[PDB]
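Shown next, in C-alpha cells, is the structure this report addresses.
Only one protein chain is missing; all other protein chains are in place.
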Amino acid sequence: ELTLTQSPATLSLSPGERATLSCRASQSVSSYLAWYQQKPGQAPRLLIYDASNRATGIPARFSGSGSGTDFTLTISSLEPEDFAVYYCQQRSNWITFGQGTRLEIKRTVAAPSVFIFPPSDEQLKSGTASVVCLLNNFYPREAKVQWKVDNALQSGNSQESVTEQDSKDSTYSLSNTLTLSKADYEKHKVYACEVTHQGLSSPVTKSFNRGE
Amino acid sequence: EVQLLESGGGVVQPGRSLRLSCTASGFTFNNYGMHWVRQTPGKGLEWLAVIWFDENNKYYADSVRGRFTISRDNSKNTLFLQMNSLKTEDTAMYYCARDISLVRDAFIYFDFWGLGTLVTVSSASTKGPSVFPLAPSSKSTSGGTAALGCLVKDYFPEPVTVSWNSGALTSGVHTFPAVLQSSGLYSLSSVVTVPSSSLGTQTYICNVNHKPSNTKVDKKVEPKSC
Partner (left out) sequence: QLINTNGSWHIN
C-alpha cells in the first residue's frame, strides 16, 4: 500500500558526470530504504541500505541520503559500468519497490532511419499479413509509431519492442509489427507508418502500395 | 564464493503447480533469512515471501498467500517455493534472495540475488517458428545503406536464437526482444543494415534455432522483384 515513486524516469549523462536519482515515498518510511542496480539479463545488486549505508564491495562513488519521504542516490563521478537501471525499496510497511530509473549514456540527437516492409508472399499463403516498420539507430529512446491503412488509423493490432542502447553508437532501434488478416490486407492499397521523434522537425511517413 | 543456484523453472499450464529450488553455497545457509522476489517488465519487482531462521517463521505477499509456500531444508542448503494454482499473471522471472540477516544491525534488505529462473504459465503447446523475409526495399538509396531482416513468427516457448551468415555478419545487426501475441505465441524480428551495392552480389541468410522444438531454419533474404 505504501508507494514509492522514482524520478526522473530516465537520466542521460556521460562518464565523469555526477548522477542524482530521487525516490519519494507516499508516507514516511523513516530511514527504512535501500537502493539496487540492475543490468539487462542480470540479477539486482544491493548498493545502499538503511538510507545511507554502503553495501559490501560497492565503490565509494555511490552514496545515499534522506529520511521520511524524500531520498536520494548519488553517484559522484560516473564510470561506463554504471549505466543501468536503479531501483529503490522500502521495508517500513511490508516490502515494496520503486518503478526504476534508467541511467543511459548521453549522445547527440539522432533521427531514426525509417523502413517499411510488406508481408511476404509466403506468409500470405497462410491467411495472415504482417507489415513491419523499423526505426533504426535513433536517440533519445522515446518514439511514436502510427499505422494507417488507406488513411484509417490502426489501433490494437500492432506490437513493438526496442533494443538496449547500442555499445558503440549509443543509439536505440525499434521494430513495430502490424498484423492483419490476408483478406483485410487484400482489400486495401496504401500502407503507411508515420513516425514521431525529437530528431524530426516533422513526422516522417514511409508507405507502400500493395501490388506495386 | 557466495552462490544461489536456482532451478525448477519452466512452462506450466494454468491451474497446475511448480516447485522452485535455490541451492546455496559459499556461506553458512542456516544463519540467513531468505526471500523469493519476482520481476516482470510491466509490474517491476514484487516481493513474494520470506522465511527466517526457523522453518515455521514465514510471511507472504497478499498476491500469493494461500497459493505459494516457502520452505527451507538446511541439511541440503536448499530453499524452496511451492507454487500452486498458477495463473497467467504469475508468469515472471523468479529470484531467490538472501536477507542481510542482521549483519551490521540491518534486516529486510536483499544483499545477494540469484540469477533467477523464468516461469511461463500458459496453455500453449511447443511449436517451432515460421520464418519470413523482411526484403530489402527495391528503392534502397543508391550507394547508400539498405535494411533487410527476418520475421520469426508463431513459436513457443522462448527462446529462439538468430545469427546472420552463420555468425560471419555481426555489424549492424539488431535482434529485437520477442513479443507475446494474443494467440499465446511469440514473434521476434532480426534486421541488419548493409551497403545497397551489396544487394546484387552478397548472400544474406538468417539462421534461426528454436531448441525447444528442435527446429533449425536457414532463410535466404533477397530483394523482391517488383
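Remarks
Order as written gives the chain letters A and B; numbering starts at 1 within each chain.
As a convention for this text, a contact is a pair of C-beta atoms (placed from the backbone, for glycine too) under 8 Å apart; a residue touches a chain by one contact, two chains touch by 3 or more.
Screening B:4, B:22, B:64 or B:108 for touch with the missing chain picks out B:108. Of the candidate positions B:17, B:57 or B:183, contact with the hidden chain is made by B:57.
When you scan A:93, A:99, A:154 or A:196 for touch with the missing chain, the hit is A:93.
Listed for chain A, the residues touching the missing chain in the whole complex are 1-2, 91-94.
Touching residues on chain B toward the chain that is not drawn are 33, 50, 52-54, 57, 59, 102, 107-108.
The rule is simple: only the chains that are shown with their structure count from here on.
Across the interface of their complex, chain B is touched by residues 32, 34, 36, 42-46, 49-50, 53, 55-56, 87, 89, 91, 94-100, 113, 115-117, 119-120, 122-123, 126, 130, 132, 134, 136, 159-163, 173, 175, 177, 179, 212 of chain A. Residue ranges of chain B in contact with chain A, taken from their complex: 44-47, 61, 95, 100, 104, 106-116, 130, 132-135, 137, 145, 147, 149, 151, 153, 174-179, 181, 187, 189, 191, 193, 226.
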